[PDB]
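In the form deposited without its partner chain, a lone chain appears below as structure tokens.
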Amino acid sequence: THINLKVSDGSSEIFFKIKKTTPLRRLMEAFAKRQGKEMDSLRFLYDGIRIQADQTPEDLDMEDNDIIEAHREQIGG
């Protein structure tokens, strides 16, 4: 019921411990804060596809230790 996710860009890896039913918004906020960045400026990707903030680990079938890539959001387009 509580999977453990690793979020990372190029230079920084963090571990969040969230509940399978908690929407992923909480975690994207938390990773973007710990970088003094805004959540809109970062693009979170799981196993290829771009995570939507409203989606939950349950929805995406995230097992323990799965990796969320964070990339910068380009302004165009």
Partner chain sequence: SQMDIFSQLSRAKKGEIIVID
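Residue numbers count along the first chain shown, from 1. Only residues modelled in both forms are compared. Definition used throughout: the rigid core is the maximal C-alpha set that superposes within 1.5 Å between two forms. Compared with the form deposited with its partner chain bound:
- In sequence order, the one region between these two forms where at least three consecutive C-alphas each move 2 angstroms or more after rigid core superposition is 75 to 77.
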Contents of the next structure:
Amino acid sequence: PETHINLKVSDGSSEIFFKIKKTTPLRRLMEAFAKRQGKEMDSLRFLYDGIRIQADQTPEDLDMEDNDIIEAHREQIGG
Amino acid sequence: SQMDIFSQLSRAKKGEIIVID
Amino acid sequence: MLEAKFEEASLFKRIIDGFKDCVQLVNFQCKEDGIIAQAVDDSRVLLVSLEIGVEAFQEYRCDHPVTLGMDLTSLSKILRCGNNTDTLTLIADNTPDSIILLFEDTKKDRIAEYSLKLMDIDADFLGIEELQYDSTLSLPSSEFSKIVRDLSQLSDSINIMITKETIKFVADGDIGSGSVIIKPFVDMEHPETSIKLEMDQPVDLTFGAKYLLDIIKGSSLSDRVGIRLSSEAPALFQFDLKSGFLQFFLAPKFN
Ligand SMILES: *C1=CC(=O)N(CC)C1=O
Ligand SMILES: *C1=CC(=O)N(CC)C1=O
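Okay, that one was the form deposited without its partner chain. Can I see the form deposited with its partner chain bound too?
Below is the whole assembly, all chains and molecules, this chain first.
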């Protein structure tokens, strides 16, 4: 229930499913997704609800509901 | 000009998992 | 049969009052797990849909789906002859042609009960599968209200326009234009003041401001509003209530 949360990070091509405590900084999650991609952490941006997720923030204060999708795109000049 | 809500409803209708704690 | 008991007749009156700002008639679809109040505005452009969940009621019972087509005048008339603090009970059988409201003062053993003849209403035909949505934003409902009150002063129509990182509201009077541009944002200090945008398709619609002016009254009920627009589909505005959901479906205007 209140314990954890499950999240998907999709780069449009592939996915990864994640379990983390609602209070954990997303930094790790983001890094985990980056390495499993073989990309540089700073070469992609993680969008959520239209905002640009910041490594510092946690799912809790982002209003994250179970099985939310997080969008990773290449760091470029908008779509 | 405004349109009708129904004629618009008519026209309209017609495997890894990583874990961190 | 149908037996719906509100703890306070005023709760029901509040509902009836809300509706009386937009519509004359409501259809009360009573299903086994709550009631879905449905109405269409007189000019046939706005569609309101209220979902009174079961825990909203003091005691609910529906042995079989019935539709109670009511006239909001009549209903308000009956509600006068009742005290806001009385319990209210709607009583109907499996195929009604008439309903009974039953007011009950518990602290005195007073019981009052009036009949109401039902009628046929076309908002029985609200069979929207909710469809699907190019874009979906959500924002503080009063913030949305402020915007609407401002630009509705400029013009008879308002234009919403969504883009990968931009919601842009605009109105053009022959006395002045004006426009708001908002951007998805979050803060930890006040999470509930946040703007969430989920875009899949740039959208650009225009709505009659008077309708938007009705729609915004929902803000008293919910401190956030969800907006879902799609190219050629009615826009959805919706407010979460504790025991249900208020929803408007508004047709955009064509060019
Ligand atoms: C028109 C204003 C309002 O608040 N509602 C909800 C019942 C309307 O239908
Ligand atoms: C209370 C006022 C009134 O007109 N009626 C008849 C519907 C009442 O019950």
